[PDB]
Each structure stands twice: as structure tokens, then as C-alpha cells.
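*Asks:* Given chain U, work out where chain S with the ligands should sit, using these hints.
Protein chains: 2
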Amino acid sequence: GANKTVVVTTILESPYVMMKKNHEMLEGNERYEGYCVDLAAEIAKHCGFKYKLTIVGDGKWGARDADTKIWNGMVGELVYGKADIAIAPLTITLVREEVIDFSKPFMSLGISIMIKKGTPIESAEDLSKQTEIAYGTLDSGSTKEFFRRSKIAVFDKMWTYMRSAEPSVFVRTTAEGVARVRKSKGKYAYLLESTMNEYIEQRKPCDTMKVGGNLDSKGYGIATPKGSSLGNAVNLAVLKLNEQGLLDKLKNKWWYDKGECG
Amino acid sequence: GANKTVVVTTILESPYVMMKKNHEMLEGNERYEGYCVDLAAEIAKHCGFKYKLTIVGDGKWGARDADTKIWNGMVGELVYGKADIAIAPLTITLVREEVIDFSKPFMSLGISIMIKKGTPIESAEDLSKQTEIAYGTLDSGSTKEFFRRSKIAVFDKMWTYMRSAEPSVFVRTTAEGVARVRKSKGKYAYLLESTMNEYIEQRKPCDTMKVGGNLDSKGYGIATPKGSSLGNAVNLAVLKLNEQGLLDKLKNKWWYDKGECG
Ligand SMILES: C=C(C)[C@H]1CN[C@H](C(=O)O)[C@H]1CC(=O)O
Ligand SMILES: C=C(C)[C@H]1CN[C@H](C(=O)O)[C@H]1CC(=O)O
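Here the protein sequences line up with chains U and S, keeping their order. Residue numbering for the first sequence is 1 to 262, as defined by the working numbering. Residue numbering for the second sequence is 1 to 262, as defined by the working numbering.
Simulated from the structure, these hints should not be mistaken for lab results. For every residue, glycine included, the Cβ atom is placed at its ideal position computed from N, Cα and C. Be careful, since some hints might not be right.
[To be verified] With a straight-line cut-off of 25 Å between C-alpha atoms, the simulated SDA-like cross-links for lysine to any residue are:
hint : chain 1 : residue 1 : chain 2 : residue 2
1    : U       : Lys240    : S       : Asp139
2    : S       : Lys21     : S       : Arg31
3    : U       : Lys151    : S       : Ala44
4    : U       : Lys52     : U       : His23
5    : S       : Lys249    : U       : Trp159
6    : U       : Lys249    : S       : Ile152
7    : S       : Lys50     : U       : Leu94
8    : S       : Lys258    : U       : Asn214
9    : S       : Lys258    : U       : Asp67
10   : S       : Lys258    : U       : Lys249
11   : S       : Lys240    : U       : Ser140
12   : S       : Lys144    : U       : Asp248
13   : S       : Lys240    : U       : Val154
[Claimed, not checked] Heads up, incomplete: computed chain S residues facing chain U, CB under 7 Å, no partners named:
hint : residue
14   : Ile92
15   : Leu94
16   : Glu97
17   : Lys104
18   : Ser108
19   : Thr131
20   : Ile152
21   : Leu239
22   : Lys240
23   : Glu243
24   : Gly245
[What the hints assert, rightly or not] Residues from chain U that keep clear of chain S, each with C-beta distances beyond 10 Å, as calculated:
hint : residue
25   : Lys144
26   : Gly186
27   : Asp248
This is chain U alone, in the form it adopts within the complex:
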């Protein structure tokens, strides 16, 4: 039948999607700003469709409950037909790839370590060997799953450490993880995706730092319901945007062009 406005599901997480300071004076998609907001506009332009940016109701990303087997977050909204496409820093993982379609990566990243400047830690191995400096991750998401399911000695030990550490080394949000690193006087290292780490390292008060190399290598992908008709075009749009150097420009814009740390 007739074309329909594409429902885009995303989530508020800086600097990917944020409500403009003057959002109360704007409307529709114009209320938001950020890397993903810009990416969505570019994808829509190339694929030639109108869209509406919506915020995922449950505020989750994409995990399936072991008991009920129900998918939450943006993945769930695609799986159950609540949204047509998800545009956010959604990590491409096996479990998600099995239920929805992912475009090729629009951003490359890996799990990294965030420390307050001055902390005597240079790698994950360094962390695994001690307990004075506590370390944890988000209480849900791809990074936590990485450690939970890892069979690699170092990461396996880090996981066992994390589950038994007191007080809890887990945080509910990125802002919480960042704030804990900053207020813990060097006694807390935060494991998060390099992208977020690199972003925070350029924000005042400039007291955090990304150390060591990434623990893994992966990417963020645009997701659509399995078999969806938009899948193909969106995937080609992603590759096109990357080849035109558009994606690198968007990262620079939201990560470095306005860096606040020199």
C-alpha cells in the first residue's frame, strides 16, 4: 500500500541522542540532537523516507529474559512490531543478530578501561591482579555479557571478581559509571565501550583517561525487524555514508570538534 512514515526507536544517551537545550520551543524530530539524530537524517535522506524519532518506552537496549523469553528495549520494539528501525549505539552481538537484522557497522569500537588520571592501571590484566582499585561495568548490556560469558582466563577472573566484590562494582548508567570514576579518588576503574570513553575524555573536568588497548573488536549497527524491507536500503546507505567520509565527520563533530580539554 501507500508509503508510511517510518517509526524510528532510539534512546537518550549522549552524545548519540539528547534533547536540545531549547527543546520546549521546538517540535518533532527537531527537539533532539546528536550523532544518531544526524545519522538518522542522513539514512532517511539516502533511502528516501519520512520518519519519526521515538524514545524506547522501557529505556532498555536489547536483551531477552531467560524465563519469559521476551525481548526488551529497542530490539524488543523491532521484534514485536512497535518500531520499524532502531538507530542508536546498539552493539552488534550474536544473540541480537539472531532475532533482528543489523546493517554493517556504522561505528567501530571495543571494550576499554576508564580511569581517573593518576590511577596505577595500564591494562585489564593489571586490574585482574588486584582489588585495591575496584572495577565494574553497567549492570546490563553487551559489556557485562562479555565478561559474564567469557572463557578467557583474565576476563573470567575479572568476572568472578566483579560478582563477589563489595560494595557492588556495577552501575546503572554511563553517567553513573563516569561519576563514580571521578568521585572515587582513583579507587574505581570503569569498563565501557571505547566510543563512550573517548567522548568523556574530551569533557570537563578532564580528569578521566582511556588506558590500555581494547579488550575486543566490534561495532554498532542500525537494526530492523528480521526480513524487513528497509533492511537492504539502510545497509547500503550505511556503507555509502562511510565511504563518503560522512560518518567520520559526524564522529568528529560530536566527539572532538568541540573537545573541552585542549
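*Replies:* For chain S with the ligands alone, coordinates are given in the frame of chain U:
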């Protein structure tokens, strides 16, 4: 009908696929060794299929002739039904994605600069600003296309320089590009994918070096004919291998474990 042995098309290019020193005494897939040979074994194991490693007849990777519109290389073998899957460092590009299916990236890379140690060059911008130190790429492939189609000022200038430079700054093979850098006493810089660059930097006589950051960000993908039944399983296998840390181990094995430069 009954399952059939999967025909895998690949190409001799170190350290991805090479004929063993004692190949004349071995048979079938055992005649070859390398990163891709190992990857193929792992993919086949996870997807549960028997396969035969074959070498692409025309020795090309995957480009379409503008006049005849015929696809050459491994892409062509998939497009015309000569092979069931291609396992090699095949760069995921828009033009190829339009005719065949790619798995998510099994390796992340970008175009980089290779120089003989001592060369006064730190970036592509540095190269673009001069002509004393000649610079070029392979006479075909993704890297050449990157420069040919680029609209980015610096890369556009580099391309115009390359097309008009005398003698020709292009090479036919990686080994040729490497050899030219080594024998040109610092008067030749070679533009190639970071993966090959990092590999060569660890091989005797240890006289080359990778300088500056990558010009772009992309990946290598396993390819299958569009709509192929193996596509799904192979894609999930790739993600699984990466999540198990298997892909990083394979890179270490063929790139660094035996590094010859300290
Ligand atoms: C910001 C959040 C909660 C997301 C972003 N990508 C990951 C995901 O898609 O699971 C999560 C971060 C992480 O796991 O470190
Ligand atoms: C080694 C060769 C000729 C291949 C490997 N990947 C690229 C491709 O798939 O086109 C080519 C290298 C390059 O373009 O620098």
C-alpha cells in the same frame, strides 16, 4: 536434496592463504595454510559442513567491468555460481554489497601509509603536499577505488597526483608495493590496508613502518551469493568466533606470535 561439499573460493595472498612449504607431500585443503585457511576451518566446523578450498581462476578479487558489466574475481565466482562462498581479506564495499552477501566484519581495518624507516612523512596530508617522495597504490582494488572516487580535498589531490605521476606509482601486487618501498631508498610511500601494513612491519628485514592514522574505517567480510542459504549460518559463525576471542587469536598467530622484528 542431499548436502553437497561447499566450494570455497579464495586467493593466494600472505598471510591469509599460502601453499605450505611441503605442499607437494600433502593433499586437498591440507596443502594450504594461513589466517583464512584457519578461519574457513572454524566457520565450517561451526556451520557443520564439508568444504573444498579452491583458488579463484582469474586471480582477481571483485570488480565489475564498466563496459561488459561482468564481475571478475571471487565476487564474480559467487555471482555466476562457480563458488558457494569466498573466504579472503575481501573488503566490504558498497558496490560489492549490491551483488553478493557479506557477513559482518571478521577483521577491522583502514587504508594506511607504508614507508621505509627514515622517510620524512607522518600523514597523507604530508604526502599530498609534495612530490619528492612518490606514492601510489595497487592498480586495482578497494584502496585504488577509494582514491579514485573520493571527493575529500586531500584524497582528491592525492588521486590527481597519482594519475599524472611519472613513472607510474601503481603496483600490481602487495609484494611489489612492499619491494618498491624497500628498494626506493625512501622515495616511495605505499598506500595499503593497515592489516597488510602491520603484517609487513613484523617481517625481516624490518625496514618498513606504518605511519599516521588510517584514512578510513572498514572491514573484511565472508561473501556468499545473494540470497544464499549459507549466508545466515556463516554470519552467526563469524560473530560467534569473534565473541569467543578466536579471531583475535588467529590474527596474533599469523601476525605477531612469530614476529621477526623483536
Ligand atoms: C550505553 C549502553 C547501555 C549500551 C550502548 N551499546 C551497548 C549495548 O548495545 O549493549 C551498551 C554499553 C555497554 O554494554 O557497555
Ligand atoms: C590484496 C588485495 C589486492 C585486496 C585485499 N582487500 C582489498 C580488496 O578486497 O579490494 C585489496 C587491497 C587494497 O585494495 O589495498
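*Asks:* For each hint given before, does the structure comply? Return the numbers of the non-compliant ones in rising order.
*Replies:* Violated hints: 9, 10, 19 and 27; rest satisfied.
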